[PDB]
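*Asks:* The primary structure of each chain is shown beneath.
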Amino acid sequence: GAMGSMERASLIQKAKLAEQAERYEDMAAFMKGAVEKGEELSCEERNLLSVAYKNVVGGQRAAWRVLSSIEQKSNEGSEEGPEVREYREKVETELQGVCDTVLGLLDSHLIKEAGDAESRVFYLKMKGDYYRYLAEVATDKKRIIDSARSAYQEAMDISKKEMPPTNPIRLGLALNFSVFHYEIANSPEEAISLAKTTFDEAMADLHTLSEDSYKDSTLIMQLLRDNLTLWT
Amino acid sequence: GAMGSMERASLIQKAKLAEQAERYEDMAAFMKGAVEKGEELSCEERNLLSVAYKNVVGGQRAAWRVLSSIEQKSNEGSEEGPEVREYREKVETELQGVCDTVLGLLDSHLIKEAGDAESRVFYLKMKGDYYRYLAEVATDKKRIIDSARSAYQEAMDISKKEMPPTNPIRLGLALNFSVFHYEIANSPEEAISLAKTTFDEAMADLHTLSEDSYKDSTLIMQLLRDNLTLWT
Amino acid sequence: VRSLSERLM
Amino acid sequence: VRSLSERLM
Ligand SMILES: N=C(N)c1cc(-c2ccccc2)c(-c2cncn2CCN)s1
Ligand SMILES: N=C(N)c1cc(-c2ccccc2)c(-c2cncn2CCN)s1
Ligand SMILES: [Cl-]
Ligand SMILES: [Cl-]
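Residue numbers (the authors' numbering), protein chains in the order written: chain A, -4 to 71, 73 to 76, 78 to 136, 139 to 231; chain A', -4 to 71, 73 to 76, 78 to 136, 139 to 231; chain P, 171 to 179; chain P', 171 to 179. A prime marks a further copy of an entry chain.
In short, the hints are calculated from the structure, not lab data. Mixed in with the good hints there might be a few duds.
List of simulated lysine to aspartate or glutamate pairs, EDC-like, C-alpha gap at most 16 Å [unchecked claim]: (1) A:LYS109 / A:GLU66; (2) A':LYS87 / A:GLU20; (3) A:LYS87 / A':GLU20; (4) A':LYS141 / A':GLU182; (5) A':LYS159 / A':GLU83; (6) A:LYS11 / A':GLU83; (7) A:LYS11 / A':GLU20; (8) A:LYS160 / A:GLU200; (9) A':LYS11 / A:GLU66; (10) A':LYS32 / A':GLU83.
Pair ranges (Cβ atoms, derived) [unchecked claim]: (11) A':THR228 / A:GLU161: 55 to 63 Å; (12) A':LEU205 / A:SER74: 38 to 46 Å; (13) A:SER105 / A':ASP215: 54 to 62 Å; (14) A:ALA4 / A':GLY(-4): 23 to 31 Å; (15) A:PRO187 / A':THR231: 39 to 47 Å; (16) A:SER186 / A':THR98: 44 to 52 Å; (17) A:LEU218 / A':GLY94: 36 to 44 Å; (18) P':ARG172 / A':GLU35: 15 to 23 Å.
Some residues of chain A' that are not near chain P', with every Cβ distance over 12 Å (derived) [as the list claims (entries may be wrong)]: (19) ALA(-3); (20) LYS87; (21) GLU89; (22) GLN93; (23) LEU100; (24) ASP156; (25) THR196; (26) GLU200.
The beta-carbon is built from N, C-alpha and C at its ideal position, and this holds for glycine as well.
Please build the complete structure, drawing on both the sequences and the hints.
*Replies:* Structure, rendered in structure tokens:
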């Protein structure tokens, strides 16, 4: 590991600098290095890891969608070479590599050492997210979908037992699981039901929250609401 | 060169795909490969080269500015490690590498084969731009500034002899040279004089242009005007 | 149009 | 505030 010679604290400090500089490839490398030190991650450090790789993979998914669209148009009255397919495959292969890197970190060994709900649910959700990103480009497709489903479901079970309905991690988990149902699993009715009950159960729990926790939860709830508006 | 095995036309086609996908690192690599085929570049191909590397270096300059700012604040009632300096140096070194790559392509051998004004002025301006980006982080600083000045001046001489005042390349050259004067060379009065005369001489030539050429020139003239507003 | 997923805190 | 330089066509 190219970050093996750098102090854990220095990697974290530089990941925060990279975030301010919007250098998310650097941020991912720093946080990967931090994870590979072997120590568990704090809540802040976990979110730095999530921020870095979500932005990296986020740019790859956007590029892949553009290229896939151009590729599908080429395969309709369309004039013909292999370049579009080749370059889409290049981005796709790079995207899959990032997803495998994250899944590798969760498997070695973030998840097995995560005992607390906030950490375990966070990592299992992340596992679901990155198997979902793999599913988006897959055509083993079924096993990838099942791996996402299984990760999300284990996370849902723990969050429902151990976290209040308004917990931001639980809310973000349910949001992404509902996206999985709608966009990946061809289960729009499951997606709508999950988003509804997640929103309603959080609504009924807002009265227990501080002003700052209320802002955090309602911000995420609005995404659930926005999706329901698009889905119904 | 990792692109040596790919057809020139395929590299150009994929550079255009990368632009649509906003994958400018890929775009730079493709166009670098295209340049290294040894053939001169068309006007379109020259702009693809410029688009790719300007975006790449543009992200590095923005990141460098963030880090440099954080670094200067650390060196004022400020609490102290070497991480900020180290990471700024990393981005800086990567920025300089990109600038050297471009200058290498212009020197080997785009400029010496560029005989037409549109191509020669374009490359010499580009040489000035990327020596200017080097100057922004330099602390040999004087030689870098002189190399930018000399490249810009040779380009200005040719453009004034061979191009109409409203030529977009001439306008973009004068704009960037005026930025050099103001931001790099500590010559704000030279910057203001150049922007004024460039704008006025283009204004007086708009009557010769088509509707589409009129739009192109006035779009760039507005930047000259905006700078003058900030400078005076 | 694509569904909205969790945003970074 | 930094001066505006040439924009991509
Ligand atoms: N540097 C980033 N991207 C983030 C850092 C943190 C964070 C977490 C704990 C302590 C300090 C910072 C984030 C966070 C995630 N959940 C809530 N928070 C903070 C807002 N209440 S997000
Ligand atoms: N793919 C890009 N980024 C660009 C391509 C071209 C271009 C140039 C010549 C022929 C075809 C396309 C650009 C250009 C630069 N000066 C004017 N133009 C076109 C607008 N009149 S910019
Ligand atoms: Cl490719
Ligand atoms: Cl560093």
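*Asks:* Honestly, which of those hints from before does the structure not fit?
*Replies:* 1, 5, 7, 10, 14, 15, 18
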